Amino acid sequence: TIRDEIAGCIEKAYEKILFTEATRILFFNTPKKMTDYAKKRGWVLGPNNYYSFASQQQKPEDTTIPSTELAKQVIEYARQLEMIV
Amino acid sequence: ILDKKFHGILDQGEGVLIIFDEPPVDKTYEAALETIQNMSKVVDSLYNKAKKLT
Amino acid sequence: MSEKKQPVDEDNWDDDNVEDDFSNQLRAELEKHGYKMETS
Amino acid sequence: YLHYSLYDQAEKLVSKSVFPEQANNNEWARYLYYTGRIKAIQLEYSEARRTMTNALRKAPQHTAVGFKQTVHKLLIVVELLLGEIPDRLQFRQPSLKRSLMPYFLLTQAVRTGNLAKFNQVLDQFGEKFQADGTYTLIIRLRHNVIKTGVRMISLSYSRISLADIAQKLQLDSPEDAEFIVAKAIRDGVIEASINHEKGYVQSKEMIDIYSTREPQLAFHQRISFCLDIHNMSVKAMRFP
Amino acid sequence: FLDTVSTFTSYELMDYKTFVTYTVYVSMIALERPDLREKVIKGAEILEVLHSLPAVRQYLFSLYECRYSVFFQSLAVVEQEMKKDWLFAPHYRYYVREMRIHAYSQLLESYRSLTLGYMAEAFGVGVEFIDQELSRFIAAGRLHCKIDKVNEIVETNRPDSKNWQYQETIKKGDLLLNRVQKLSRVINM
Amino acid sequence: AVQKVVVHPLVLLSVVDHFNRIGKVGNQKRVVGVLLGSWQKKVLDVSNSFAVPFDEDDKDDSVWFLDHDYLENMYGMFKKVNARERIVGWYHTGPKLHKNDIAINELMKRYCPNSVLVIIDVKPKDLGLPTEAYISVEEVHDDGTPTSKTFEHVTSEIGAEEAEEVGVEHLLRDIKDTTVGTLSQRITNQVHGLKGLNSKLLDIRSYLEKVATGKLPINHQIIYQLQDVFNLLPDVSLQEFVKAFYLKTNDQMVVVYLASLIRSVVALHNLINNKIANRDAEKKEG
Amino acid sequence: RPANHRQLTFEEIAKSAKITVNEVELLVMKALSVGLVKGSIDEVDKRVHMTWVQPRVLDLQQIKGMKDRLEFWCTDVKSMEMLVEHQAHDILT
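Chains as they are written, first to last, in this note's numbering: chain A, 574 to 658; chain B, -15 to 38; chain C, 25 to 64; chain D, -4 to 235; chain E, 3 to 191; chain F, 1475 to 1760; chain G, 2 to 94.
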């Protein structure tokens, strides 16, 4: 529960780590287990370098449409304001 | 700016003055301040409430 | 209405609410806040 | 199940049938208070403080002398555990003052970031803390002090350094300040990242976050709540 | 203390110049800037008896100017007297930082890409002075701004039609709401 | 360049009783009559008409009958009752046209600045509009033939002039003024959505029969030049109104801010004085 | 292309229109004088923006295969009309 919470908390919202912060936060300098991390979580083992991805967040815009779903909300919203006085 | 002869934003970093303004929105102002007065009136009806109860 | 477990159970004092928003902050000290001028 | 050992709160977790007409109008209030103490002692901040708040504003009257007072001392223990509480003095009965001689200095120790005072209030008032009997407060109140520090200073500066806040709150090393900032990202208060060479935080605040479509998301709940209370006043207008 | 026509010296005024001190010591806080020019520019009836006291006039015109090291000077004069005048001793602590932030608001209302150097001209070494000063102005619920260390941002902000004026209605009428609701729940049983 | 007129259905009840005549006189199935009136502006009003005894051969369909015993001396009658309400046009039923309509128009065009063949609706079940107008047109072509005269769609409505509701709104006995936003809007949603999209099915009738078995006005000059206007926004995936979505946040701005603020005042409106009246009734009923 | 990116770059213009960068501006200001297309052409990115145009003369294969826009429109605005009405169904009232 140290190591899989490292698997979570190694770049939650970090810039980048290197070999030495792996050596500090992780332990056992290099097994095939941090190599297994780099080949098991969908990871880019950069040039003596680390990144979560090329954008770390999978580019959030969420749809680029906040309008029509709240228009359906307006449908049932006006509907509930109807039938009542 | 502090005497409202000049409506905008100066700079020191990039040295770019930018004039713009849009103060009045009564849709916000008049409505919400009259609701504040409404809530004061409902607090004034809270004693009709506390009088019919006890 | 006492029906629960409980039958076993602004002079200087509302100024103390802003003063306990101030108690960890600059009691008076007046010299410090007057001698921060002349050290440069 | 409150006065004795705590085994059968899973019974409420599996058999939650707790919803009558809520008839006596104070029974439901103190009921939500007691189950707020439950969720306070299970583990909760948010839902527990909101049902404590609803029982607080659902105090029926003050027609019974000083009975809100001790029970309120134990009510806002979770708000003390928030760290975002000022001094609580508007509640204070003057006959409660001689019993909150610990509790006044305790919320003063919430406002202060001192460590020796954080344990000297305990060393001074552990017997009244046992009269509370709820050392879940002290098992997280140090963490609350460091979260108060991180909320204040991370709301304060855009690109602070971890060394500034660290050796401003006596952390003495970069890597436990890194674990503080990391578990604060994990606890999700601010964006603050690390310009990773030896620490030295590179970060930002968050204005221009959003302000227009996001209020009208919550305005559905605002006015749907209003129309719920409309129909409730209709079904209450039905009574005469 | 607006009127100032009928209180020359009665048997109740051992010093009308202490009334002049009492009107400046609160007009420097509460009075707005068009109100400031409207009182101590458009009219002189207090300005004769404080033109016998020029540093008071000087401090109010510097308040009208935004020059800040003489705020340190004459505010320190007023704070020496604020310890040495009665009806002030349970109350002086709010005054210092309140007048400071009363200048700091229009200070940030000047512009946005500000620093501590162009302000250190007015402050001296206001570098880690403004650390605790402005940071606890941020943490005292006051002084809407953003501030950075080495990128060194300053921010002036809060247009009034944004969210909180939209918020205050339900802020009243949620506690007020369930208040009147429980007051309408005492009625059944 | 004519938009709309004002229509009194009083002489459309004369169309109704001539629709009672044709059911019991003989072989004439359709109601053909003559539409009096007066050009006032591009907007217009009609006060009277009349209905010709008309026959029309199924063989060589240009066989009209517009008697001048029924035109000239009845025109003297209609001139004697008023000088104002003279000829303005004529009318026949169906929606489409028969062939002889052009010559029936040009017969009484000699009396009028613009005689109009308002094609009328006796058994209304239609999807669009009621009776509609056609003005004299010379559009001929881009080809340059002898001058075209087939009277083009230069539209009309059913306008309401003045009082008459002594009769009409006493004769209602059923209907109600909907305080708009009380399913009146979804009556309109039904009618304009369904009746404009099966008008679009008439358009796919055009754009399928004029593709399979349809020639010369196949791309006349106004099919493609309006497929432009159809090509305002026909796009493929979701049509990407990228400007208009934050601009629609700017739209929904005003609406739901009035919802939040104003409808919270509506909450105050109903709830506070409702609690007053309610609880007063409740315990002061004791 | 019916699709978007109607803030087109000048690149296809200067390649296939046998025109240069200094003359795309004349290419569309002379078209402003023509009056069949009136683009709001970008000039910080040099992009030749597409607004409303005068489309074609005849696309008989697209007069037949405009169903993917016409019947698209018909059944989809019809279906979403049925969906708006179907979510506000029983306030028929």
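If you're looking for bench data, these hints aren't it; they were derived computationally from the structure.
Check the hints yourself; a few may be wrong.
[As the list claims (entries may be wrong)] Restricting the straight-line Cα-Cα distance to at most 30 Å, the calculated cross-link-like pairs of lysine-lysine (DSSO-like) are:
{"no.": "1", "chain 1": "F", "residue 1": "1684", "chain 2": "G", "residue 2": "79"}
{"no.": "2", "chain 1": "D", "residue 1": "53", "chain 2": "E", "residue 2": "174"}
{"no.": "3", "chain 1": "F", "residue 1": "1758", "chain 2": "E", "residue 2": "174"}
{"no.": "4", "chain 1": "F", "residue 1": "1533", "chain 2": "F", "residue 2": "1478"}
{"no.": "5", "chain 1": "E", "residue 1": "174", "chain 2": "D", "residue 2": "199"}
{"no.": "6", "chain 1": "D", "residue 1": "112", "chain 2": "A", "residue 2": "613"}
{"no.": "7", "chain 1": "F", "residue 1": "1674", "chain 2": "G", "residue 2": "31"}
{"no.": "8", "chain 1": "E", "residue 1": "184", "chain 2": "D", "residue 2": "230"}
{"no.": "9", "chain 1": "F", "residue 1": "1684", "chain 2": "F", "residue 2": "1669"}
{"no.": "10", "chain 1": "A", "residue 1": "585", "chain 2": "D", "residue 2": "53"}
{"no.": "11", "chain 1": "C", "residue 1": "60", "chain 2": "E", "residue 2": "148"}
{"no.": "12", "chain 1": "D", "residue 1": "112", "chain 2": "D", "residue 2": "34"}
{"no.": "13", "chain 1": "F", "residue 1": "1650", "chain 2": "F", "residue 2": "1498"}
{"no.": "14", "chain 1": "D", "residue 1": "230", "chain 2": "A", "residue 2": "585"}
{"no.": "15", "chain 1": "E", "residue 1": "184", "chain 2": "E", "residue 2": "173"}
{"no.": "16", "chain 1": "E", "residue 1": "174", "chain 2": "D", "residue 2": "230"}
[Claimed, not checked] Distance ranges between label pairs, derived from CB positions:
{"no.": "17", "chain 1": "A", "residue 1": "618", "chain 2": "E", "residue 2": "68", "range": "44 to 50 Å"}
{"no.": "18", "chain 1": "D", "residue 1": "233", "chain 2": "C", "residue 2": "33", "range": "55 to 61 Å"}
{"no.": "19", "chain 1": "F", "residue 1": "1703", "chain 2": "G", "residue 2": "16", "range": "27 to 33 Å"}
{"no.": "20", "chain 1": "D", "residue 1": "171", "chain 2": "C", "residue 2": "39", "range": "36 to 42 Å"}
{"no.": "21", "chain 1": "B", "residue 1": "31", "chain 2": "E", "residue 2": "68", "range": "45 to 51 Å"}
{"no.": "22", "chain 1": "D", "residue 1": "118", "chain 2": "C", "residue 2": "36", "range": "26 to 32 Å"}
{"no.": "23", "chain 1": "E", "residue 1": "66", "chain 2": "C", "residue 2": "39", "range": "52 to 58 Å"}
{"no.": "24", "chain 1": "G", "residue 1": "50", "chain 2": "F", "residue 2": "1477", "range": "44 to 50 Å"}
{"no.": "25", "chain 1": "D", "residue 1": "129", "chain 2": "F", "residue 2": "1760", "range": "42 to 48 Å"}
{"no.": "26", "chain 1": "E", "residue 1": "91", "chain 2": "B", "residue 2": "31", "range": "34 to 40 Å"}
{"no.": "27", "chain 1": "E", "residue 1": "104", "chain 2": "D", "residue 2": "138", "range": "47 to 53 Å"}
[What the hints assert, rightly or not] Per the computed footprint, the stretches of chain F lying under chain E, defined by three or more beta-carbons under 8 Å from a beta-carbon of chain E, are:
{"no.": "28", "stretch": "1565 to 1575"}
{"no.": "29", "stretch": "1750 to 1757"}
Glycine residues also receive a C-beta, built at the ideal position from the N, C-alpha and C atoms.
Results for each hint:
1. Proposed proximity of residue 1684 of chain F and residue 79 of chain G is supported: the alpha carbons are some 23 Å apart, at most 30 Å.
2. A C-alpha spacing of about 15 Å is found between residue 53 of chain D and residue 174 of chain E, which places the hinted pair at or below 30 Å, so the restraint holds.
3. At most 30 Å may separate the alpha-carbon atoms for a hinted pair to count; residue 1758 of chain F and residue 174 of chain E meet this at roughly 29 Å.
4. Annotation: proposed proximity of residue 1533 of chain F to residue 1478 of chain F is violated, straight-line Cα distance about 35 Å (limit 30 Å).
5. A hinted pair counts as satisfied when its Cα atoms are at most 30 Å apart, and residue 174 of chain E with residue 199 of chain D does not qualify at roughly 33 Å.
6. As the CA atoms of residue 112 of chain D and residue 613 of chain A are separated by approximately 47 Å, the hinted pair breaks the 30 Å bound.
7. Pair hint residue 1674 of chain F plus residue 31 of chain G does not hold up; C-alpha atoms about 38 Å apart against a cutoff of 30 Å.
8. About 15 Å separates the Cα atoms of residue 184 of chain E and residue 230 of chain D, which keeps this hinted pair within 30 Å; it holds.
9. A C-alpha spacing of about 22 Å is found between residue 1684 of chain F and residue 1669 of chain F, which places the hinted pair at or below 30 Å, so the restraint holds.
10. Between residue 585 of chain A and residue 53 of chain D the alpha-carbon distance is near 41 Å, which puts this suggested pair outside the 30 Å criterion.
11. Taking the CA atoms of residue 60 of chain C and residue 148 of chain E, the gap is about 25 Å. The hint holds against a cut of 30 Å.
12. For the proposed pair residue 112 of chain D and residue 34 of chain D, the alpha carbon gap of about 29 Å is at most 30 Å, so the pair holds.
13. About 37 Å separates the Cα atoms of residue 1650 of chain F and residue 1498 of chain F, which puts this hinted pair outside 30 Å; it is violated.
14. Simply put, residue 230 of chain D and residue 585 of chain A have alpha-carbon atoms about 50 Å apart, too far for the 30 Å limit, and the pair is violated.
15. Restraint check for residue 184 of chain E and residue 173 of chain E: satisfied, since their Cα atoms lie roughly 17 Å apart, inside the 30 Å limit.
16. The suggested pairing of residue 174 of chain E with residue 230 of chain D holds, with an alpha-carbon distance near 24 Å, which does not exceed 30 Å.
17. For the pair residue 618 of chain A and residue 68 of chain E, the beta carbons lie near 56 Å from each other, so the given range of 44 to 50 Å is not met.
18. Range check, residue 233 of chain D to residue 33 of chain C: about 39 Å between beta-carbon atoms, so the 55 to 61 Å window is missed.
19. The hinted window of 27 to 33 Å between residue 1703 of chain F and residue 16 of chain G holds, with their beta carbons roughly 31 Å apart.
20. Evaluation of the 36 to 42 Å hint for residue 171 of chain D and residue 39 of chain C yields a pass: the beta carbon distance comes to about 40 Å.
21. With their beta carbons about 48 Å apart, residue 31 of chain B and residue 68 of chain E fall inside the hinted range of 45 to 51 Å.
22. Look at residue 118 of chain D against residue 36 of chain C: about 28 Å separates their beta carbons, and that is inside 26 to 32 Å.
23. Evaluation of the 52 to 58 Å hint for residue 66 of chain E and residue 39 of chain C yields a failure: the beta carbon distance comes to about 30 Å.
24. As the Cβ distance of residue 50 of chain G to residue 1477 of chain F is approximately 36 Å, the hint placing it in 44 to 50 Å is violated.
25. Remark: the range hint 42 to 48 Å for residue 129 of chain D to residue 1760 of chain F is upheld by a beta-carbon distance near 46 Å.
26. Hint check: residue 91 of chain E to residue 31 of chain B, Cβ distance near 38 Å, so the stated range 34 to 40 Å holds.
27. A beta carbon spacing of about 37 Å between residue 104 of chain E and residue 138 of chain D contradicts the range 47 to 53 Å that was offered as a hint.
28. With 0 residues having a beta carbon nearer than 8 Å to a beta carbon of chain E, the stretch 1565 to 1575 of chain F misses the requirement of three or more and the stated coverage is violated.
29. Counting residues of the stretch 1750 to 1757 of chain F whose beta carbon lies closer than 8 Å to any beta carbon of chain E gives 4, which meets the minimum of three for the stated coverage.
Checked against the numbered hints given earlier, this structure breaks hints 4, 5, 6, 7, 10, 13, 14, 17, 18, 23, 24, 27 and 28; the rest are met.
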